[PDB]
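Excluded from the complex is one protein chain; the other protein chains are retained at their positions.
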Amino acid sequence: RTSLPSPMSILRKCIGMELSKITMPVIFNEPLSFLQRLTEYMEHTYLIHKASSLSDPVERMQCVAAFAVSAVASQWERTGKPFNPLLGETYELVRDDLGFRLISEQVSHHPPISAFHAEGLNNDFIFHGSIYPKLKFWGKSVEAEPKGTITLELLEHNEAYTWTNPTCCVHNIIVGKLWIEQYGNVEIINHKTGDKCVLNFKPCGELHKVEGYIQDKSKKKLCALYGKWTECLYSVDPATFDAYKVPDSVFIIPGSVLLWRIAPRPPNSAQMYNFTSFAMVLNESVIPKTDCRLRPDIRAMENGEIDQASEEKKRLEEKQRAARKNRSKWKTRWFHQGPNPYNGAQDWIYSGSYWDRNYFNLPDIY
Amino acid sequence: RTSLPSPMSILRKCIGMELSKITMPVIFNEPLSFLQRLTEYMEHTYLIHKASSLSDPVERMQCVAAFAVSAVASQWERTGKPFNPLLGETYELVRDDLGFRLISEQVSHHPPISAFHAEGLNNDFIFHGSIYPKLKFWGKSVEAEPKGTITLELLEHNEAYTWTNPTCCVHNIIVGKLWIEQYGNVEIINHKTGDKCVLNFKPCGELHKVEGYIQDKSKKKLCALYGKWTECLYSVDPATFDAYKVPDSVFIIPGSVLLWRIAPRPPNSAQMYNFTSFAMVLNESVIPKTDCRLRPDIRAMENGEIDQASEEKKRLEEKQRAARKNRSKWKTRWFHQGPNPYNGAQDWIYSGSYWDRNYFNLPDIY
Partner (left out) sequence: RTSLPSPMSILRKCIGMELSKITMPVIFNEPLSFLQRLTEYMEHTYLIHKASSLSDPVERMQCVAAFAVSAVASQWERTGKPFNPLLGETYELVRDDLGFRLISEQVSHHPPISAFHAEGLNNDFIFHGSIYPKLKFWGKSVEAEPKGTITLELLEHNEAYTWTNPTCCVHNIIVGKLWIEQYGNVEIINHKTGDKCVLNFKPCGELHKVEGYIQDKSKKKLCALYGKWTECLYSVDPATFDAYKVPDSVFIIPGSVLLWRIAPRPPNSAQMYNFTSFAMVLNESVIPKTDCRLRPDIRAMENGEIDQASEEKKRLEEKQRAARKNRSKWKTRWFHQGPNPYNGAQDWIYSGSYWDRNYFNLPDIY
């Protein structure tokens, strides 16, 4: 043979031994994929159906403002990490009673970017977005900044809303009391009417308070929002609002309107990873070979067999660690790196044709 | 689904990573279970048959005193640890010529308690007890205190004897000459006649000397016992006894009686873990699935294949480490935590019905 049928210091060989050394334990993990944890945004989809039927934009704004708060609400007492989705992992949930269907494909493992797309069962809204959790270690706590723009298209009103979820932080992680706190600044934009809803998730510095307002294009406060993201959210007149001025309730301003309050967790919550009645349904047979319900890493943990799922986590990570190396010589099956049509940021637009059962060449993640 | 089909800090997660980190090498081990090492008490069963036929209680006491010494005698030059019996492990030995049959089930792995029961082939005695070795590290040596009461029921005389084996110590273990020494205080009680036999296993401080006496209920020395537990044991008159007063023989007092002396080890001893002619028989097909002869950990080591048995030790320990966790959501098959009927201490009474071949639901240890 003329040549070969294949091609090609100690410290340099050591920088490769350290870069390859990555693993993951399975105890801080909870029996849910991150695609399933993000699916909890649709827990209060009724606020979207309520928003698409109101003829007043500021009343639509209150519902979208309440929906954004209700989406990040179920993150209380749930100090369990979701399974980091393997490259190509997908998930779908069709709630017949709530009236929505959602797709979510793990579109990137480096960085761990997750893209999703949801649509109304009666063609009333379209909900999609992408989230990349940037984990920051600092002091005795750990932050997690959900990088990405959320998009809610109100179909029958020919409008769309965009905002950014606030930063989630896990306090006292070294040797203390784990309690989750969410803070940051959320701004919702009505791209048709020009209405902006500013929301200020206050920090422990008063613990889970959320204060904000809703204004128009001329920048005039129309409603004053207040409450706690672990309890409720109110909408009171702005004039009467300004006239009022593991750490451990809300003060109802006269003339307030209860936009939304938390649904009580089922009795099975305290001893089952503090799940909500909606979260315990995330996990028949026509599902694709990539749906995380088929992931034996998450599945084996759900049956109580701990050590069985821990090895299959190392197994599935090792296959993803090996198949990624063989591709140096990836195809996003349901999303394409397209710009967000309302704000311009590089989003992940839903390609389509997923609800057609005819598909082939889906990667073999597990 | 309403709920789930299964239920549920870093430093706290580290105390679990350290508590779970337990393993065991297989080189200090010797190809014998601890149930087999303890079976060597019956090596000199003839002293029991000799005891049940004598009409003099103090002559019966001398034999039981000699039997207790002969039981811990074979522990010389045998610096090899026996295989720690897995939970539920059993062993049985029926010597047709010696005239006894013995059962021993590993009744507890935490703490490592071993319970046994032996009976005479001609219905002349009943021998049972429980032993828990408490290992103490100190200085450049290692002790092992056999916690538990030995019980010898002389059937035809309607009497029973009870005593406690002395502490075994392994000197010079770090980087020195391993030599076994046994010291402590043993007291044998004749619960029918009130005779007490005190035995003082002297320590290296003279090396393996054993001095003692036999007295009645009125506390009067009847016989004076002396000798070495690695050699012999004599019974001389108490009056003429008091008139006489790897480290490296006995002085026969005038008027002495040789109660017992050691049997010479076979020539195959020096190059086969210093076993005795009785110990090399401990390891046909109607044996239960728990008999340690069926343990592949001990078995593979007996054939010379070292590395084969070392992995199966890790395998059998890992199965015991996994099956114990699945029971948090044990059944002693042949012993029940009953009090010793002669002294009152919490012993392990032999339940019975073992010699009936009909049995089911025996745990799958290997």
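Just so it is clear, A and B label the chains in written order, and each chain counts residues from 1 on its own.
Quick note on the criterion: contacts are C-beta pairs under 8 Å (C-beta built on N, C-alpha and C of every residue); 3 or more make two chains touch, one makes a residue touch a chain.
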Hidden-chain contact residue, picked from the options B:7, B:16, B:176 or B:339: B:176
Hidden-chain contact residue, picked from the options B:96, B:248, B:307 or B:356: B:307
Contact partner of the left-out chain, one of B:234, B:275, B:335 or B:354: B:275
Hidden partner interface residues of chain B, rising order: 25, 27-28, 31, 172-176, 178, 266, 268, 271-273, 275, 277, 280-281, 302-304, 306-307
Residue ranges of chain A at the interface with the undisplayed chain: 1-13, 16, 322, 325, 329
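The working rule: only the chains that are shown with their structure count from here on.
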Between chain A and chain B, centroid-to-centroid distance (C-alpha), Å: 62
